[PDB]
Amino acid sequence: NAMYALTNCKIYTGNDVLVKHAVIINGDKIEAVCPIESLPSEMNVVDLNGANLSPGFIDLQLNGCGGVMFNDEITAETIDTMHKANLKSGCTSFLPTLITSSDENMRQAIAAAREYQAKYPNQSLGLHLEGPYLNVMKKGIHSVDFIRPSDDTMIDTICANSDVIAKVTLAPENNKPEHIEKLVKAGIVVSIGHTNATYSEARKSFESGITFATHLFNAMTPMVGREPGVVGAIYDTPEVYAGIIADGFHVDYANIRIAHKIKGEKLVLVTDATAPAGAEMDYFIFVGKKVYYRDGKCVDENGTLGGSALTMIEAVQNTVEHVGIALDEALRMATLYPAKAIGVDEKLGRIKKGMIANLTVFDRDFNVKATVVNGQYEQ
């Protein structure tokens, strides 16, 4: 009801890092960012014991965590629980992402998202539909049964539900360009991924409307001498964002800093996280298979990487600590960049007046201490 100021902290506003300043938050909104010694006399205050204050992290790829997987329990309540799981690692907003499955599976996630975001804003900001219209040669874990080409019907559906769908990942090389443009028209972000595309194919795709790559280096045509492939295409195109899993397992760290020099503010940190993340587990079911959690990594019984358990705060940390990217910039790859990429950046991603109070607080050891969501404080 009354305002409160966060206080005693290094503030990463996204344009500046400020010492001896504070943020007054008013309801669900930030009111000012100003020098500590300007706060009104008996303004309520929260001492952050000198920790770091950034906007809450935005994950654009998250299959589930907190011990759940959106694909099994495709319900509004699964979303809810992942949301709270996120919060324990400073992630305040995300795309409940649903991997390649039945048309009917698709129809209910549409509902699940619709139900949730009627109830709560700025948390799940739309679905990420990853598949099914992919390429079998770059299938990953995505069942050889539900991968298909794009039919007119189910795109028509996706478009009619654009108001709850944020992003689709698809493999352009053999689906209608119509379908890409249609989704873009509909205000949906179309991402290339899981694709055996040629450089020139991806380029066409971009030109039809694709503006995002999902998990760069994962299930894509690698860049080779005579064939730039998809990673080539992405490097060569200024307007396309690329998500990247920085967990030391999916892509090699060197590849991430090379990627960051090329792509700068178009590189986005992504978890592609799975059940284990934010939880404690022995194993789980990634549509079908048993994925053991073995001290940080996901692994099918051979020890072959199974999936991701990355947390958003870990992603930032690793970027700073292994990739060599400065903290402020790494923060941005977890916040401003994804916001921009899904066009929510007018209200999230930045600590500035008028914007939504979705902040995160963490210590120098990359421990998330607390979380403010829509103005709500929580530890």
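Numbering follows the first chain given and starts at 1. We call the rigid core whatever largest set of C-alpha positions still superposes within 1.5 Å between the two forms. What changes on going to the form deposited in another entry:
When both forms sit on the same rigid core, the CA shifts between these two forms reach 2 angstroms or more only at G296 out of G264, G187, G296, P238. Superposed on the core, the two forms differ at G307: its CA moves 2 Å or more between these two forms.
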Contents of the next structure:
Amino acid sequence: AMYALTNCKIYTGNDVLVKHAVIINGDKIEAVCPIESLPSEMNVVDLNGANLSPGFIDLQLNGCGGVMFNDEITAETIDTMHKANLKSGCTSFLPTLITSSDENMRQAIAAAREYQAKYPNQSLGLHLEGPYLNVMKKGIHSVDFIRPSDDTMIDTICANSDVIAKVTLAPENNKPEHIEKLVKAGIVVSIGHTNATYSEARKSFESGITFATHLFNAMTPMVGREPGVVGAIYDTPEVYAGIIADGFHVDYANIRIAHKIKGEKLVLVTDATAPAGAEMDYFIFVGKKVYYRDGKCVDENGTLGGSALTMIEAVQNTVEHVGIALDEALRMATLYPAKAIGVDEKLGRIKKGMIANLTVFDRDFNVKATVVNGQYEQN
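Counterpart to the form deposited in one PDB entry, namely the form deposited in another entry:
No partner chains or extra molecules come along with it, only the chain itself.
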């Protein structure tokens, strides 16, 4: 049957709504209408004054709730991740596989294909972060697998674009043609783990790169005579940029500045790993031990190795520490990520016709429930 979510503040993406309701029908949003407009017969889930927004979309998520995608490359891993996400309001995500072997890349593609043939609008496709990086900005990435982009695997990726949302790579020393082919196959291409100058990064935007992976991390910073990759991102309006707001990856003052420059091009990601939503001392990250240490994820050397952030926390830290308004924070965690991967016509807003993927959260930012394809599940 149809039902209506009721008694809540609703953040549609365009308007903050009081004394209205949202009518769900199947997998879809039927209507957002005033509460007095609601049919007498209609079933009601009453949300006790909490916030309602579209479900969060996480564009960079390596693992969570105890598991890692790189380590157990299966549909069931993706499945486990999806369910842990729900605890922190995240309804969609790109399962992210960092630098590894060709065989691992073929396994992930299969796994994505498997999971998505069963469930829609949850995993929105692979994010291949690596392996075509620059060894100098490797962070946690494996020195054994970082390699130049090659024609064969690039062709494989293109051929499987129906399960592949995004590729992060370093363009300085890789073939421009490979960018073009990926873009031509409808995969989103992102600069990251790159030692490019401002010029080279500009060149790769002209080639089709439209995204930047974790602004400020594993990229040439802005200095007086070399704007670098950071400057290029600040100077190119078409480029989205993901940014991690755990308080450890990037100083909040920088997130604030970035938002004033980037506005709707700034996107909240987690880059989260197995400890996000799980209690653990360390995890494996492609034969690397990564340790959980007072909220951070670090290797033996203190290099950060993803995060333990969740999407709800990223919204909150952004409101509370960065100084950004709530409705805008939510947009950075929903609508803007959706626009960046070209799913915004079905996800990222509360409006009629679109898919019922929603999150409810109280004033203290506790996620109380989600809707996923119309299905309401309490926390």
